[PDB]
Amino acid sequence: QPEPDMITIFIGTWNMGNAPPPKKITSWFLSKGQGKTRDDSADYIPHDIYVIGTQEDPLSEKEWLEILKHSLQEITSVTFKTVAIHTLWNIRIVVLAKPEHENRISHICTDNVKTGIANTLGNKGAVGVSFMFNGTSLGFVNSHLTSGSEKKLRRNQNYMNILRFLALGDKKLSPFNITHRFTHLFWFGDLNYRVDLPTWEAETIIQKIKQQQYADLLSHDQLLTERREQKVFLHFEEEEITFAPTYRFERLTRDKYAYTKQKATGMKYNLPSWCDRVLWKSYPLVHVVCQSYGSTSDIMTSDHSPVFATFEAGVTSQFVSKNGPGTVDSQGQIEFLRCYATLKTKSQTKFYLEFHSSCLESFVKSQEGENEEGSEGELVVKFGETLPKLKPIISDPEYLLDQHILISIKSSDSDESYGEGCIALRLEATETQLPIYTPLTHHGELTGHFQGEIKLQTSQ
C-alpha cells in the first residue's frame, strides 16, 4: 500500500455565537454555499484531514466531537479518528483524520495563547495543533482576535503575540516561531477585520452584497489592506474572496445583516465584514493548491456563517536508506557560495548563521561573517565562501530535493536571532551554482534578506 505524495485538508472556521448548531451542518464539510465551492462529483470522497476551528463555542468537547464525527460519517460512511482537540475558553480546534492515517501521524502538539492584558485578557486568543504526516510537518492555528472596526492595530498585535508564543512543532527549532516550523501552516478563525467604510454607507454596502459586487468592499477589507502594508500575516496566502461577508447576520435567516448599534454591541456598528478567514504559508516550492473557499448559506444559528477552505497539500514519505537516518551519506553535500545577509538592525555586533533541517543530524553553526556598510545605510554581513559544507543524512535526490534549510542569523553577543528564513532544495540542477534567496523575519516582521548561491550534490 503506497505512501501518498498528496493529501486534501478541510479547514473550517465558525463563530457559533454561543448557540448550539442546527441538526444538519453537512454543507460546511462539503464546501457548498457561496464562493469557490467543491464539485458535486467529489461529495462522497473524504478529505484526508478535517481541521475544525470554532469561536464562541458553547458546547463541551464531547458534544462537539459527537456532532462532528456523526456529520462526517453521514457524508463519507467513514469513522474519523480524533488526532487532537484543544479548547481555550470558547475557542476550540478539532483535528480528525481517516483511520488509514493513524500510523502516519505522530508528534502531535497542542497549545494556546491568551492575548491582551487585564481588561483585554479573558476571552480572545488562539489554539493550535501540529503533527507530522509521514515526512511532512503540519501546523493549524484557530484564532479569535479583538473585535471592533476601530481595533485593527490590536488585531495585528494579537497576531504577533500568537505567532511569538504559540509553542507547536519541533522545540529543537529554537530560533524559529510557528511561521517557520511547518511545511504547511494554516491560520484561520474569527480574525475580526472589518470593511472600513463610513457607517452612513451601511445600506449601500448591503445593496452591493445583494448584487454580488464585492470589489469595492474588498478594497476596504482591513485584513487585505493591513497585509498590503506588511502590518500582519507577512508571507501568508489567502484565496480570492467570492462569497458575501460572513458577519453580522440576524439569526435564523441569511436574509438580513444586523449592523446597527445596540446596547448588546456596546453601541458599536457592525458593518458587513469578512471576519472569518483562512490563510496559509507553505515552504517554498511545496505543492499547495486551494480547491475551495466559501461560506455556507443553510447554517443560521449564529450571527456568523461558517467558512470552509480545502487544500491539496504535497507530502513526502518517511525516508530510510542504508546510511541515514543515524549517520551521514558522504555522497550528499550542500555548499553555499558568495552568501551575505542584509539586516535592518541599527546595531553593531558580530553575526553568525544557524542551519536547521531534518536532513541534518543536528543544526550547524557558521563562523561569524564580516560586517560592511551597505550603500543605503543597511548592515551587510558577508559570509563569502566561509559557510560550512552541510552533510545530509540521505543523498538520494528523491529525498534531498524535497527538503528545506531554515536559516537564523544570530548575534554573537546575545545568541538572539535577528532574522529567520527558509531555502528550498528543489533546485533546477545539482552540482551547479544556483542563486538562493529568502526574506528574513523576526517575530514575523521583515528584518532583512539572505542571498547567495548554493551547490547541491546528490547520489545522482
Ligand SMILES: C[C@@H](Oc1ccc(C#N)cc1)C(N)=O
Given for the second form:
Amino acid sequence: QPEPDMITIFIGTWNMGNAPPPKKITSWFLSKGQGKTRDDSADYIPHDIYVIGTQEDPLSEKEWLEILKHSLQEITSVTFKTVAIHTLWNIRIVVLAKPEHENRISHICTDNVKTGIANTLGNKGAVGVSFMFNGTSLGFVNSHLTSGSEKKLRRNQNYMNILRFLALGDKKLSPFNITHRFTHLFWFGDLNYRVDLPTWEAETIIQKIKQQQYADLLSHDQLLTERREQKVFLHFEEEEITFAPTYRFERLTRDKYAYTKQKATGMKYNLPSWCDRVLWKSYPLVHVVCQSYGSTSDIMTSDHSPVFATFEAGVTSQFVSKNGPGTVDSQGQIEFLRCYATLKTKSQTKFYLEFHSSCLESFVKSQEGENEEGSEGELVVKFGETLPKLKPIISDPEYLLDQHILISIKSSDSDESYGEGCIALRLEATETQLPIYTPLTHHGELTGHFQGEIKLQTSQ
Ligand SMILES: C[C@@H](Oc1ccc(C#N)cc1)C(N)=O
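So the form deposited without the ligand is up there; where is the form solved in complex with the ligand?
Starting with the chain above, the whole complex follows.
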C-alpha cells in the first residue's frame, strides 16, 4: 500500500451562538451552500483529515464528537478516528482522520492561549492542534478574537499573542513561533473582523448582499484591509470570498440580517460581516490548493452560518536510507554563498545564524556576520562565504529537494532571535549556485530579509 503524496483537508469554523445544532449538519462537511462549493460527484469521497473549529459551543466534548462522527459516517460510510480534541471555555477544535491514517499520524500536540487582561480575560483566545502526517508537519489554530466593529486593533493584538504563545509542533524549533513550525498551518475561527461602513448604510449593505454584489463590501472588510497594510496575518493566504456575510443573522431563518443595536449587543450595531474565516500559510514551493471556501445556507440555529474550506495539501513519506536517519550521508551537502541579512533593528550587537531542519541531525550555528550600514539607514549583516556547510542525513534528491531550512538571525549579546524565515530546497538545479530569499519576521512582524545563493549537492 503506497504512501500518499497528497491528502485533502476539511477545515470548518462555526460560532454556534451557545445553541445546540440542528439534527442535520452534513451540508457543512460536504462544502454545500454559497461561495466556492464542492462538486456533487465528490460527496461520497472522504477527506483524509477533518478539522472542526467551534466558538460559543454549548456542547460537551462527548456530545459534539457523537454528532461529528455520526455525521461523517452517514456521508462517507467511514468511521473516523479521533486524533485530538481541545476546548478552552466555549472554543473547541476537533481533528478526525480516516482509519487508514492512524499509523501515519504521530507527535500530536494541543494547546490554548487566553487573550486580554482582567476585563478582557475570560472568554476570547485560541485552541490548536499539531501533528506529523508521515514526513509532513500540520498545525491548526481555531481562534475567537475580540468582537466589535471598533476593535480591529485588539483583534490584531489577539492574533500576535496567539502566534507568540501557542505551544505547538517541535519544541526543538526554539527560535520559531507557530508561523514557521509547520509545512502547512491553517488558522481559522470567528476572527470577528467587520465590514467598516457607516451604520446608516445597513440597509444598503443588505441590498448589496441580496444582489450577491460583494465587491464594495469586501473593499471595506477589516481583515482584508489590515492584511493589505501588513498589520496582521503577514504571509498568510485566503481564498477569494464569494459567499454572503456569515454574521449576524436572525436565528431559524437565513432571510434576515439582525444588525440593529440592542441591550443584548451592548448597544452595538452588528453590520453584516465576514466574521468567520479560514487562512493558511505553507512552506515555500509546497503544493497547497484551496478546493472550496463557502458557507452553508441550511444550518440556522446560530446567528452565524458555518464556513467550510477544503485543501489539497502535498505530503512526504517517512524516508529511510542505508545511512540516515542515525548518521549523515556524505554524498549530500548544502552550501550558502554571498549571503546577507538586512535588518530593521536600530541596535548594534553582532549577529549569527541558526539553521534548523529535519534534514539535519541537529541545528547549526554560524560564525558572527560583519555589520555594515545600508545606503538607506539599514543594518546589513554580511556572512559572505563564511556560512557552515550543512550535512543532510539523506542525500537522495527524492527526499532532499522536498526539505526546508528554517533560518534565525540571533544577537550574540542576548541569543534572542531578531528574525525568522524559511528557504525551500526545491531548486531548479543541483550543483549550481542559485538565488535564495526569505523575508524575516519576529512575533509575526517583518524585521528584515535574508538573501544570497545556495548550492545543493544530492546523490544524483
Ligand atoms: C497520541 C495518540 O496517538 C494517536 C491517536 C490517534 C491517531 C489517529 N488517527 C493517531 C495516533 C494516542 N496515544 O492515542
